[PDB]
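The form deposited without S-adenosylmethionine (SAM) is given below as one chain in structure tokens.
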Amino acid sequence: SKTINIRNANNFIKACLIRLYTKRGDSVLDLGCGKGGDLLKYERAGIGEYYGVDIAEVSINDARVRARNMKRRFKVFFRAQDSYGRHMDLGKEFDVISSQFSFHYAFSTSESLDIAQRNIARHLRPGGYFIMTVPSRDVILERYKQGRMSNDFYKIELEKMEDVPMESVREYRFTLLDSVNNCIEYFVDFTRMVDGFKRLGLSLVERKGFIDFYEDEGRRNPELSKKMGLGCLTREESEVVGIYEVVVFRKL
């Protein structure tokens, strides 16, 4: 009830991102689909096939029920496993691979990231797109210097001192009202991600902050914005949304 606006904003951004890189008849692989919250969004996109994967079986169960009781024109596939730290081979390519608020979990270890990046590359068709939404390390670190790492909606905690630079930290504690609690998150090493993908045939094509993406797409989508309680975000709410950024890679 209190994070309603924050949720609406994030869902709107995800709906626009999907709409921007998806087309009718597209096959989509949803990594970290969670409770399948984007199933309805893809239904509007007119996709033909949806494949959801998540490490938490408890979330896959909710997604299965959601797809089983919703009006969809596309087929659905679900599988509970780790598509980041463990080899994955679904035996099929997809036009679009989505990873919303979860890809940063692939930066657990150097090997984990390499496995994750390779799983995406082998499941993405030539010319396909890889859309993701993850926290911005630059934004987070900038707030650390400002001394403002939280409000009444969220809270981020970094590491200690003792010869440990700000560029040394690789993880942090993230808390969100009515959401995760003291959840360990790994910083996204953009450069390493881009370089890794580049060697796998994937090049960067998009990178914009949530706020800017939200404002620009908002003026270009009055209907999709009015079709919900969407509207104006407050400073405190904007602080949470301004933490994430949109990143898109394409296989060439």
The other form holds:
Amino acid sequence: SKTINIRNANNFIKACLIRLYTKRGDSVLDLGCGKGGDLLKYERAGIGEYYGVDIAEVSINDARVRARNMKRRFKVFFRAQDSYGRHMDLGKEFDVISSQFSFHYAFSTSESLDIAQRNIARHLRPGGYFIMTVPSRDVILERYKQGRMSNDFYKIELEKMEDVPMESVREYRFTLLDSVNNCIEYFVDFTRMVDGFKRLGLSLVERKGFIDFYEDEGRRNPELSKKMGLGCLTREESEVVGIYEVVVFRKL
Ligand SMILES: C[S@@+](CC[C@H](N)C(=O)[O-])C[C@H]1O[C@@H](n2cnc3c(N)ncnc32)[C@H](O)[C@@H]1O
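Having seen the form deposited without S-adenosylmethionine (SAM), could you now give me the structure of the form solved in complex with S-adenosylmethionine (SAM)?
Whole complex next, starting from this chain.
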């Protein structure tokens, strides 16, 4: 309830990102789909097929039930397995692969990233898109130097301290009110990701902050913002949102 505005913003930004790169009849691969909280959005986008994969079976179960009890016009496929740290082959390619708030979990180890990036590339049609919303390392480290790493909504803690380079930390503890609790998150090594994808044929095409994206997309057209309880984010709510950023790659 206290995080309603934050959830509306994230869902909005997600709907805008989805509406920006998807077209009628497209096939989508939702990595880390979770409880399938995007099935509604894709249903509006008019996509023809949706495939959701998540490591947590408890979340896939919710998504199955939701897809089962929703007025959808597209075929749905669900599978509970590790799509990042384990070889995956669904046997087909998709026009768009989305990963909202979960791809950073692919940065467990160099091997986990290489495996994950390879799974995305073999399931992406030539000219296909790979959309994602992941935490921003630069943003996080900047707030570390500022001394403010939390408020009434979130809380972040880094790794070591005793003679340990600030740029050396590769993971942290994230906590969100009425959500994750002291969850282990892995930093996103942008450079390694870019170079890694560039090697598989995927090039970077977009990278924008949640706030700027939020404001821009919210002005480009009119209130779709009317639908959801959107409006004016407070400074405190903006700190939680201003944590993530949008990143898009295209298979050239
Ligand atoms: C914040 S939740 C996603 C919620 C949903 N995507 C959305 O945008 O509302 C992150 C998800 O990442 C998934 N995840 C974490 N590690 C994963 C892995 N190795 N393979 C697949 N999914 C993974 C979890 O099971 C969790 O449901």
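Positions refer to the first chain, counted from 1. Each form is matched to the other, and the largest set of C-alpha atoms that superpose within 1.5 Å is called the rigid core.
Rigid core superposed, I'd like the Cα shift of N61 between these two forms in Å. With the rigid core fitted, the alpha carbon of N61 is displaced 0.1 Å between these two forms.
Rigid-core-fitted C-alpha displacement of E162 between these two forms (angstrom): The shift comes out to 2.2 Å.
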